[PDB]
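A lone chain, given as structure tokens: the form deposited in one PDB entry.
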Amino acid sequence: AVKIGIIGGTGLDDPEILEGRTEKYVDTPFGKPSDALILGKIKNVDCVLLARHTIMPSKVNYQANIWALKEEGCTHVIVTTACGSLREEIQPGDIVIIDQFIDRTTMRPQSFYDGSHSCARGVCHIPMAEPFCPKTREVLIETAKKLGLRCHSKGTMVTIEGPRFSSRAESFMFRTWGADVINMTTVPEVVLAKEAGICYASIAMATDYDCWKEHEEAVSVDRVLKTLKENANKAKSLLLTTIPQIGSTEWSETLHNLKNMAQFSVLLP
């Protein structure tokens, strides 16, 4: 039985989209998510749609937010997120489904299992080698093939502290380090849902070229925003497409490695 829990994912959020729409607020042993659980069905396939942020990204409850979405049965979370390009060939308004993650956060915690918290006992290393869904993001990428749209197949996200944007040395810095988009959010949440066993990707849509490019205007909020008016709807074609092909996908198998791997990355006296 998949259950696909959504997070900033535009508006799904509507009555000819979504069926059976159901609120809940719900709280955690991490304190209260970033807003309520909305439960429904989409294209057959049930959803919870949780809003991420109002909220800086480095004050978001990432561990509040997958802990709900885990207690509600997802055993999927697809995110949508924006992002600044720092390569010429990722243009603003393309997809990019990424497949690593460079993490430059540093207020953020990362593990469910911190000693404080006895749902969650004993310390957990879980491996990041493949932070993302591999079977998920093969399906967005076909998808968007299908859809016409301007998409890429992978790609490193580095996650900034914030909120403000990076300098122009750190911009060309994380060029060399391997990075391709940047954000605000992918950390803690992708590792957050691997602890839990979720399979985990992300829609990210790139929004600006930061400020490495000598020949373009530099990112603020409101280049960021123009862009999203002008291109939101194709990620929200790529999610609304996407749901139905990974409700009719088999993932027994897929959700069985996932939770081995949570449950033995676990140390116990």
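Think of the rigid core as the biggest set of C-alphas that the two forms share within 1.5 Å after superposition. Numbering follows the first chain given and starts at 1. Compared with the form deposited in another entry:
Superposition on the rigid core between the two forms places the CA atom of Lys226 2 Å or more away from its counterpart.
For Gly9, the Cα coordinates differ by 2 angstroms or more between the two forms after the core has been superposed.
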Second form
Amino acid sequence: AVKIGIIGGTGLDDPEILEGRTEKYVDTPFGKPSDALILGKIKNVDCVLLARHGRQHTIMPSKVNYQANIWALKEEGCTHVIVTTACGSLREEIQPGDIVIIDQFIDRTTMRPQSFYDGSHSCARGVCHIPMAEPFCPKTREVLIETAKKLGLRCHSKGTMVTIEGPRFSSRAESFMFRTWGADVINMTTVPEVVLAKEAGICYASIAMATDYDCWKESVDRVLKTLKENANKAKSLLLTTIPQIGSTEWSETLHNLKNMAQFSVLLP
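Alternative state: the form deposited in another entry, after the form deposited in one PDB entry:
One chain, no partners, no other molecules: that is all that follows.
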């Protein structure tokens, strides 16, 4: 019995994707989420859609309440969270329009809370050191990859996302430097989203859409065109991927995530 959190970023602020949709506002112990939860369905599978930046795209990446967002999805009984993110490419072979099913991340954020266990909440007591060797759910990633192959989508099977604080773009020096650190794509929103998802014991996976090369590489209209196409690629990828997920067993996987998440907490 699965329930799929879906976080929609840039170009997917308010996407018509769910059947039988209901609007639901919640509060959480970490504050309010970016916008109403959108309860709904794809084929037979229960989904919950949420606009990372709010449905009018009014919340900058530094100010996204990632804690509230993941907590609200957890609380609504989500088993998976699949997200999208418009990103810059740091690699010749990752072309504008390409999907990257990222497997790793490099944190360059500085102002964002990264744990539920901050010692200030009684819903999250103790000190948690969550493991990050494998931040993304490999089975959910496997299905995303398989399904994009089916759809005939240009797709990369792994990649390391460097997440910057923003809101500014990179400098050229930084773009070049990120390359030397082994980053493949860049954005402002993966961290700490992915980190909090692990703490919450939720299978998390990210659909990264390369909207353009970052400034290392030697037109707004071209970028907005790429971005709109990318959004439609991502929409089908989700529409086709989510029913595949709803047709396999997950209690196996989910028991191991819930355990890694409990076992990272140190009691007083």
